[PDB]
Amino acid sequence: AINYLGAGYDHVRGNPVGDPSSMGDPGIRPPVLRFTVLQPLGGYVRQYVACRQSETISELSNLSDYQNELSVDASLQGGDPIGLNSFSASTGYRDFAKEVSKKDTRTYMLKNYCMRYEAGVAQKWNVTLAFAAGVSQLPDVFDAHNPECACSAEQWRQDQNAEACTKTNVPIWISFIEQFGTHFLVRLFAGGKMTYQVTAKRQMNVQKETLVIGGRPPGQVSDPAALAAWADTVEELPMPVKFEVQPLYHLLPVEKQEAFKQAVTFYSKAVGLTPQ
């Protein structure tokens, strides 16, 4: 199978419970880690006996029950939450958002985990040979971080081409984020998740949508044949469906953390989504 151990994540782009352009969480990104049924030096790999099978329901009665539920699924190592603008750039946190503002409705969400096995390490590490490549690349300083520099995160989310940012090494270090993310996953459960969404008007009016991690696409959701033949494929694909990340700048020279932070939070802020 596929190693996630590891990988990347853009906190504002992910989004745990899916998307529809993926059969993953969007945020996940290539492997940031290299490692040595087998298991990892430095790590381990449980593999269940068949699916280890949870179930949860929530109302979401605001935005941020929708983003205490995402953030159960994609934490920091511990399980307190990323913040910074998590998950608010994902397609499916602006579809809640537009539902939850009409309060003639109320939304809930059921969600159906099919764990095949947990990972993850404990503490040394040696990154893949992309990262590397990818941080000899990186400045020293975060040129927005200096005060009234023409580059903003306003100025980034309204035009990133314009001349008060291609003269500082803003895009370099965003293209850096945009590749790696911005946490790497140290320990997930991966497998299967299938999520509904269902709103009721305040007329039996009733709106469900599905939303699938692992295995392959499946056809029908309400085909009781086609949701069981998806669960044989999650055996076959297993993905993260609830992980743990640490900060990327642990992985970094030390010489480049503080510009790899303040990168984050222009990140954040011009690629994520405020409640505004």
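Positions refer to the first chain, counted from 1. We call the rigid core whatever largest set of C-alpha positions still superposes within 1.5 Å between the two forms. What changes on going to the form deposited in another entry:
- In the core-aligned comparison between the two forms, the C-alpha of 222 is the only one from 47, 53, 222, 62 that shifts by 2 Å or more.
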Contents of the next structure:
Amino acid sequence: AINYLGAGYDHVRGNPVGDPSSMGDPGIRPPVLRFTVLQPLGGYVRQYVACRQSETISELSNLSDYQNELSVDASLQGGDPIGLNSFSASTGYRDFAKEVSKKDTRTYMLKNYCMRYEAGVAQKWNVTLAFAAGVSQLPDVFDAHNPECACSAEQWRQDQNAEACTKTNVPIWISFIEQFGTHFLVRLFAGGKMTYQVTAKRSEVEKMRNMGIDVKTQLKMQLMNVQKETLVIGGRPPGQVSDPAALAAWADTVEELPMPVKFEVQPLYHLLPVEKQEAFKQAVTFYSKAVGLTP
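Now that the form deposited in one PDB entry has been shown, please provide the structure of the form deposited in another entry.
The next block holds one chain only.
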């Protein structure tokens, strides 16, 4: 329907569970690979007989659990996480940091996957016109790899338009990344996904444990006084994310407009010339250092 294979991905700004202003992962960037229901040359696309459904529930005790649950829907090829402060710039990451810093509450996350098709690539690929046209503008050397450097991660985050950074080539590299991301999708399951972030008081969870009913089972069956945030992937935006009819309608608009809900990616330096590969790796390290949040 819509080509998402080979699209760029910003793993710093990515968020494979959603964003209130975007109907897809905010890290998804325009397609980088050029290609030829109908199978492309060098890859494969398989359709599903139904909306393949799957549910997963997990308690998110800290930002590591949140980032790990996110890593299941956006990892490197082979299940291994991307790392390097993944998703640390996404809005849904700071919101969860704020909600978990309270530390008097337990947060759970439920995921309903409604996957409709699967796409992937085999083992040396054509790239789009704009991608090669932007790579041609890239130097062979990343300046900020030199630790003595006017432009640093903290300097770039404070003022990127400062003369210290404008003298270096760093703003060039960042622009490229800001346009194309840090990775590209080599495999993807597209369709729809509904994720609930549940925020409950520890007193009520103690009450549930006293009653004997399982907290996770009660949360799955219910979707017992909680705060609910709803994140949506795929289909058309519902003007009120918290309505039963909004759910019922978006679930059917998913088929019309599916979007990647669980994908495996590959670093972009595999697509760059060998001379620029190490410089680009340094550049993406600098990018994760400057935009990501280590403290």
